[PDB]
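Encoded as structure tokens, the following chain is the form deposited in one PDB entry, with no partner shown.
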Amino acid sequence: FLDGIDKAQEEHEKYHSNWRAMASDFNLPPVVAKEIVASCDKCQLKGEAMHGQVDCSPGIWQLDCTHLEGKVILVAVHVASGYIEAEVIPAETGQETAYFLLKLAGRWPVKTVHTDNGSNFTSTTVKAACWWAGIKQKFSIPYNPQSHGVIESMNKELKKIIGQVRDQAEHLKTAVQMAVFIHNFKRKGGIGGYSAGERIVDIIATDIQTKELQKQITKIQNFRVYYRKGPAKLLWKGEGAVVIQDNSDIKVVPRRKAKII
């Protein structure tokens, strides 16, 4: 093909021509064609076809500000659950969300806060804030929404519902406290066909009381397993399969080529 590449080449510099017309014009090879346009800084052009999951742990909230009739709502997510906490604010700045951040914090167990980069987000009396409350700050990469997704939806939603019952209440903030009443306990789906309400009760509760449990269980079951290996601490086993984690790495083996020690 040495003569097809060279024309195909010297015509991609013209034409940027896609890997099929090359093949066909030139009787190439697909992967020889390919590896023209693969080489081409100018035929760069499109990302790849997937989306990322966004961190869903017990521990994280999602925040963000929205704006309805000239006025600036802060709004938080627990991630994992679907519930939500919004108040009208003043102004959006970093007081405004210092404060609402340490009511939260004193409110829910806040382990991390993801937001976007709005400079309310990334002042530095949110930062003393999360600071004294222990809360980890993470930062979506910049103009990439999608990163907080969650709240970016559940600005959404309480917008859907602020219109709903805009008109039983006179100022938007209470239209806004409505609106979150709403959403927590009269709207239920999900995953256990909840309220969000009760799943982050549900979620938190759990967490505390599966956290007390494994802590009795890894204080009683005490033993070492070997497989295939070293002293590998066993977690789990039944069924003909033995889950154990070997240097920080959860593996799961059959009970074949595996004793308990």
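Numbering follows the first chain given and starts at 1. Here, rigid core means the biggest group of C-alpha atoms that superpose within 1.5 Å across both forms. What changes on going to the form deposited in another entry:
- Core-aligned CA deviation for residue 212 between these two forms: 2 Å or greater.
- For residue 33, the Cα coordinates differ by 2 angstroms or more between these two forms after the core has been superposed.
- With the core held fixed, residue 65 shows a CA shift below 2 Å between these two forms.
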Contents of the next structure:
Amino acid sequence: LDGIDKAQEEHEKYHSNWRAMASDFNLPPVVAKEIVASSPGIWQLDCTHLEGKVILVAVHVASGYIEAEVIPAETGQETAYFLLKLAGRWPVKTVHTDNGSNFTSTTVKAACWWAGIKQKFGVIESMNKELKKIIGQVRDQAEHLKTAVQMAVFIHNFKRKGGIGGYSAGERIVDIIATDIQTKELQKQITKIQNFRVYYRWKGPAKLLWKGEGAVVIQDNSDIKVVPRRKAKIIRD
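Could you give the coordinates for the form deposited in another entry, as opposed to the form deposited in one PDB entry above?
What follows is just the one chain, with no partners and no other molecules.
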């Protein structure tokens, strides 16, 4: 409540996003969003071949997290089934395919329509190369190919660590989805309050931002003012 001006100065000086502001100055995130205003569901789907069997790989673009299963036939049914599975395990909003015959079937289209996925026809190929490398590294430890494929998916998602932080793809996908959940929660709050108008001290209508226990933060004429709760009236428009 007091750090609002400090936050405004910091943002004018460094162009900092709402997270770093609501973290360093202890502000409710709707207020930091107002100041700063004053991918996660994207997967790539491609089929690869290896020892005469079809491996249907899905990569989470933001993290490099891999879901691959050996399928029986490069048909539309096996791909629609793989896609329902993926959409039930992770939040999937958009798949990037390559206009192959199976990816364009009416079956996959009905699957995407049921699971609310959007279809859009380079990381996938490098990931196929890494997957094939690990599969060749662990082929002598399984009889069948599907087993070695899952061993490789495991090694890639959890036993290979890279990037800046030194994390693995599972850690990365969990961090990314967590941040994404936060984004939807914040947007839901903003959408919940953005239909209220506040009259304070009476002055003109103000965009409401927060409704704490001891104050009511608002925004009037592109400027943020804190008022005590009893000094203002909140109505829904």
